[PDB]
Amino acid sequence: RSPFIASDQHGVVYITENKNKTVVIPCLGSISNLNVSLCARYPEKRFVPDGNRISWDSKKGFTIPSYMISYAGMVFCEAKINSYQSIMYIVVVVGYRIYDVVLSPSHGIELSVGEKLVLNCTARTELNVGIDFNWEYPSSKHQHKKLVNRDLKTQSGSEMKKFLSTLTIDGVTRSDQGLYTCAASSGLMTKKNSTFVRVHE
């Protein structure tokens, strides 16, 4: 039916951090002698090969410096003989950096049996980042545990995102005494931080 041949009816494109700064849309063509452009939206923008930098190879698909399509919700290559087009590829801009993981309180947690423990883990990251938290604590034997994950607003407008995970134990016991390690995970990158919670009479 179509010159373009690429699994699903829609594909995915990820703008990870440069270089190359160039992203590849796999618009693999059935023919070689085709004048292909890259259509991005919204708003509508058309991008035309300027060898060498922007280019379409019939074996590699379209290649564009990713800053030009980062704004976009979705892209697709368009070839015309007299107008065919590829499948829609969703643009996902993906951050990965975590600046710092900080616990609160940071140091010297002294508690007595029955007291409330409240750990605040906070991860600060670059933009286009989401985080999954994974905690590690002495009593993986479940006893009155509670975990709440929140979005705090950096803005400010700074250039960052700030995330909060909050551990809670209502009646600490001596089994719960030990190392508490909160892990923050963004894309692939992962940063850990820990404090010692001491429990005695």
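For the two forms, the rigid core is made up of the largest set of C-alpha atoms that agree within 1.5 Å on superposition. Numbering follows the first chain given and starts at 1. What changes on going to the form deposited in another entry:
Once the rigid core is used as the reference frame, the Cα position of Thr173 differs between the two forms by 2 Å or more. After superposition on the rigid core, the Cα of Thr16 moves by 2 Å or more between the two forms. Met74 is not among the residues whose C-alpha shifts by 2 Å or more between the two forms once the rigid core is aligned; its shift stays under 2 Å.
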The other form holds:
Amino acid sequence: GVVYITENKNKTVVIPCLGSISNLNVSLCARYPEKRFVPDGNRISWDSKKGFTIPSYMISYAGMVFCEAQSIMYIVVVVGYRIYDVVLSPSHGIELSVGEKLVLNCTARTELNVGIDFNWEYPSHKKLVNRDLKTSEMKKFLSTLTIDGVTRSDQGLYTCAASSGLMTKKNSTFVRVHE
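Can I get the form deposited in another entry as well, since the one above is the form deposited in one PDB entry?
Just this one chain is shown here; partners and other molecules are left out.
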């Protein structure tokens, strides 16, 4: 299974270790390093109907967790979503002769623990190449559009969108082609 940790690290998280016997003494193991969390009657509990409830900050270090009295392993996943900006280079004034090579960079800057999906729009031989850029609490993503020898039909609006799962920012630029 999978357990998603969010930015609110005090906010609690629920591992769905469902129970058959509502009177079952369940502990939560996390690794690595190995830790075991017992219900203290307050913050940390196990409802059998819900599962094991624990403050996410206690297990956000861990690769995996599981209920034990063992349940199925759950994969821990800290995820960010915040996208700062999406920027085109070149950003404007783009003007090509027919047969000239178009190269468009789309750079997305994001907070940590973010994964980016790029989506482009363009007029109706376009190659895309996505990759990670090194870095400063940020991540940097690059998507490069390439047209090897353009034609009149390539004139129009080019839009690059970046998606993190919960947020999408985009940018655009008009490309002119002449002959």
